[PDB]
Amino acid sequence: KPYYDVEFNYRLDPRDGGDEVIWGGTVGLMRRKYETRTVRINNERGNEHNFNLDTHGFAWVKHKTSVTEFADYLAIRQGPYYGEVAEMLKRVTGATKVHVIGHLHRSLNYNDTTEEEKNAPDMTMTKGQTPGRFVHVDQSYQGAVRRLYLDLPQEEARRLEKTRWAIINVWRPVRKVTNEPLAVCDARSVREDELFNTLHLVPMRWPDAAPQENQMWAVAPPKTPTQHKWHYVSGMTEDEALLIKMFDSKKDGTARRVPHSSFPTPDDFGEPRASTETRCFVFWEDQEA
């Protein structure tokens, strides 16, 4: 199939009853009201090579992992996965340094979890993670700088900030994707004025810790199905990776931030999609910030 036309969840402005906060990981977020717009998502299977991190802000690569068990967070963190991703991402970006910080495992079906969690209070967390079915970038420009100075030692962050740096997510499915694929939006098809600084809060270890804080970009709805240039690749497997630029310090033409969203298709079948996304800092220490 060459494309789908599907409903996407975009920003509801507070003056029309929109919330200020994304309560990431919670049952409530699945009941959040949005500005829904139908958008066209173009299938790029057979045409991956025409997308790259500099122009569009994303790239599909051939890359195998020796890891098949993503359920144990600590086991992922202590194994070879992070080093695998770092070596690959260093080679694709021509970077001088790559720091792999963390990952998120996704394995819950959105529809099934909606049905399962009907009696769950809003701020209760799901038993694992749903697909990210809303249009966002993981870090704002401010969010990107917060993440640098919290995930790196302060002295390194001060130094590396002086040279070009980016945040890139590496998205890999556990097995062939036959439901709820991930869509990525051409960085150039969204304008600065459509981007809105939005608190993302995750109530981990409530009540012993304050929710984990991030500053993401929410996105204003388009006026047309094709104004935002949406893209996915069908049947993506564990032998493939999607690199998504959340942030780049470069202020020339270079793609700086990619709105992404999961979406259901009418052809969805099989076991719930599962994926991991690993958040990486990329450094070119031989380049102006």
Contents of the next structure:
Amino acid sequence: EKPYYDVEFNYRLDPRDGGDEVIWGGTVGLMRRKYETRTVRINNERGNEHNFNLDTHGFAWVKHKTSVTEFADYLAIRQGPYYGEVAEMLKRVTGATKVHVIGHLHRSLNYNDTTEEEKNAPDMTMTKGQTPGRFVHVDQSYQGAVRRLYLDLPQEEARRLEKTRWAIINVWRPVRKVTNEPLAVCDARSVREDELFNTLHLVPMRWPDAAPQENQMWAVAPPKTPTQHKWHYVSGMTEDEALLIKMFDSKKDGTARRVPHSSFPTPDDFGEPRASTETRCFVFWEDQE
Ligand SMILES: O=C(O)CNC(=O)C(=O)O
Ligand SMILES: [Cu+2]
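Can you return the structure of this protein in the form solved in complex with N-oxalylglycine rather than the form deposited without N-oxalylglycine?
Below is the entire complex, every chain and molecule, led by the chain shown above.
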């Protein structure tokens, strides 16, 4: 709960320098993926949250309370009220006409310990549980956003809702007060279009009976400067708080469209491993053409 942190971030390593362009989600090998590392400054915004919104910067920290407390049972979450409570809040915060909550991802493993525990495991093995997303990314590219819409909605509702303004937003809530590996978000205005690279993202569920689940992300080019990209986080985020992260917005002028984000360690990290859920939401404004 210092004013800032200077931490090494993981950015896109160009293929010319040895990089690859497949993000193997949930696998051991992704933890060994190579990156272009750069030191960036992340400003603590605890107390300054009112100066950040999804329209300008693409992200927002909100006070939102929920009755749900246990998050590691995927089935119990999907069949409980959590998705509906996220919907009501997001609809209220965004003024959306309709909110579709598609799913969530639970993270609870410590990054370093998992690297150690899995150092002899084959690349394509899938960890039991999920570690922090410790690299700069946007969960959906522009192409990936369209791909998700038609994968997560019926074909005709996806075609109807594509005719009005729609957006993808992750709602990130910790299981408890964050005392290690917080979540950094990057001002959408401070990253140019030509720094974004459509990067394919695969999860080999049910292999070999099924092709790995397909997704397309933004990878982000490294900055020349610690402050070229404008990074922010909020220290001590509690389970009563939600970090909204706009991955995509169909509206090209007048609103932020994509937020690079990444978990990061601080030297003041302590306590049992950070646990969180990020719930993926489609947001629609059927008023807006
Ligand atoms: O929590 C983490 O470590 C990473 N989370 C995300 O990237 C997200 O919510 O989209
Ligand atoms: Cu993410």
